[PDB]
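Take a look at this single chain in structure tokens; it is the form deposited without the ligand.
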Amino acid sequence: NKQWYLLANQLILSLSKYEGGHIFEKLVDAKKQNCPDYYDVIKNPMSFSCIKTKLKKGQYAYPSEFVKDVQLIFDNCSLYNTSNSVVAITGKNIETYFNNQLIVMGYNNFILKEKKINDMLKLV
């Protein structure tokens, strides 16, 4: 469990410091950012800081869950923001960075190990 938790903490940190990442660090303050419709659109809000809290609190039980929450950030981004907007472009770029970091760091190996383990349990 701890090997993938470490990787996730590094990776959330890599996202926070990546170009444009500050946009996804905190939850949108709908009034303060002039986004008054944001939570009428985004019903599952997520930010890097929420994910850091989940890691801090040991709330992830499987490595895929961390990836699912990060991907939710990017999915909310593309849903709320038009595809030709600066924010949507930034979110696509960070999404590519993240998915490639999953490869370079070998995080996807933990997810595939997750699956085969879950699958053998079923076959017992």
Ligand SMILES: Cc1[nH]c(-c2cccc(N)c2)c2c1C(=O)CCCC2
Second form
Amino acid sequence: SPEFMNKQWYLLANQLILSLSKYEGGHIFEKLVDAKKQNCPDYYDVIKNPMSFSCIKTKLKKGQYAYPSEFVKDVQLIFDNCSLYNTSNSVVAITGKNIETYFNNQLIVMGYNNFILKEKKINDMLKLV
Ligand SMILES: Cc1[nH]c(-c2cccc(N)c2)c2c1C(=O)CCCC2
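Counterpart to the form deposited without the ligand, namely the form deposited with the ligand bound:
Full assembly next; the chain just shown is listed first.
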């Protein structure tokens, strides 16, 4: 059931974004960076597509993800901004790498990746039909 499936992976995404918020070090990605208060004034000169857990929660609450991959793309964007801005040996970069690993392993345990595969196959059915 295509609508039933949409409900399923929305529930998985909500559970996963919550697990990230509570994983060790998750708080530094919960909200968009306040550049002046965190002593990083150049942050938005470098990061032109900012993203945080709270942004993703808002898009989930508003039904703004159409496909399972779009949620993963937004979470991955957090980790890419983290590794771009912070040097590889910094606490923040290490923390971001650790949470990234967790997220990708949750995609496996929760079976979220199966929904991304079904999303691609449906897109191929439609392209034939
Ligand atoms: C995504 C990110 N979060 C936080 C942060 C936020 C709240 C408290 C603390 N302690 C750190 C940072 C960050 C960066 O990569 C840019 C450098 C600033 C640090």
